[PDB]
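Selected chains from the complex are presented in situ; the others are not included.
Note that the chains take the letters A and B in the order they are written out, and that residue 1 is the start of every chain.
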């Protein structure tokens, strides 16, 4: 699907049309494969995540097809989180202070990340040993790669405990998934992380170690290790193609730059111009209005995915504040 | 310091008269504050030794009769009117009635009730004694006020798991006199009626309907998630008043009848930490005090559901008939 960049909250005006609001939401997500949906058990909102303002607008429209009288919120720029340096090893202590487990976290290799994003490498717990060929195929050094324990939510959790690690495997995988769901930056989905188990020890037996001991130890170690790697919040970016009469060249270029846009390529065919730009999805809300006035309606424009790129450094503090406050 | 009448007087004279030599003291967390003060006074006035129950105590369903069996001669249990349930030990209930005067808030009550002629009054235990004066005021100002009783609750009293006393009153409005959202919240969910609540500490009169709808929409979302669950826990409590093993087993077989796995788990206090071990289980149905599943659900990643909510999951109860579960003896 058009990798999701905007997420909007939609809820039923009558809390009794709820049984069929579920039907409406799953019909809309069936009709449009670019729209992905989930009901927040944490919040009580039904979220619709799509490919931009217009992508979501089509889905908010197709609530008419389902007849659900609803409120639809303004879309939020759905962010992902990553790290910009390697961390030193950080120790997580178990619930009693009974175990110390040490992990180092670093940005995952580009070849591996690409392979995950483009579907060459399937996700999930690395169980079968001889299936380690897959990790090698996706660019990992083989002997090092076979120590992968999970491939989880766009990252890899890997075991260098010799002998050590013998306790925690299942709990560590669950904790890996939970850690990737809500990252260190502002509880946004984590992407492109490698997590290496550096060292480990345990105080109480392995028959007094359960879930309340393993879960906090891994969870606290993981967040702390990510936060000490220069955690970066990223905005989704678009390649933006604008085809406009030459007459509106100056206004159209102005409109692109105003939306954090940078010119990529610029082609001319007779009296028409095609302009290729890159701009954050976050900065292009209401773009139909701005681009229309700035080109006197001459430009027709559309967008393709350019990744979940890093949100700019000087803007990061405010965006983190807004997300956390929400 | 005393916001509540602990009736030290009565406890001591009955202890002495009965010849008890070791006495257990049970407090809800709101009154554990006073344990040491109380304990020091009893030990100064009787040759009896006091045993303070340190364990949590949510309600009248949660007496430490089993636990203190053989250990003390008498339990003094504070803060509740008793459930009529089987006592392994001599047990004295002290309700600990609030020293609060609602007279000064009755004017603003009247203004907030311009739109209602027929009222149910409701309180919880520590304000039961003030119903009279509220009711008299209201009826002297053109209201019709009804006190509901039932087999389980005194005249005009609710608890989170027994609203039996407002079942068949069919009023325009229910006016709750008390401290927190929970009791007004429960009355709203059972009645789906106008519910007003006077906090005689905040002096604040609040309509609960907004917060209620917020809760309900989260219950919806929990049930939504539970529809995918294939393996289930049925949670049962060793709490005297909260034991509903019959229902637990019935739900077991019903889930199995619906081609799912179900396992009964019994414990005393239910908290997320005790359920972390059962990694296989996708959702849980609470046979203990229903209020855990409703009130604390935000502490649990996995869905915690009342039996009634399970009925909605299995399409055996209508969404329009979402309801709180109750404890009856």
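The rule we apply is simple: contacts are C-beta pairs under 8 Å (C-beta built on N, C-alpha and C of every residue); 3 or more make two chains touch, one makes a residue touch a chain.
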{"item": "Full-complex stoichiometry, written in the displayed chain labels", "value": "A x2, B x2"}
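The rule is short, and it goes like this: only the chains that are shown with their structure count from here on.
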{"item": "Mean-CA-position distance for subunit B and subunit A (Å)", "value": "42"}
{"item": "Subunit B partner contacts - residues on subunit A that touch it in the complex", "value": "11, 15-16, 18-19, 22, 39-44, 170, 174, 210-212, 215"}
{"item": "Interface residues, subunit B side, partner subunit A - complex", "value": "213-214, 216-218, 220-222, 224-225, 273, 276-277, 279, 298, 303, 319-320"}
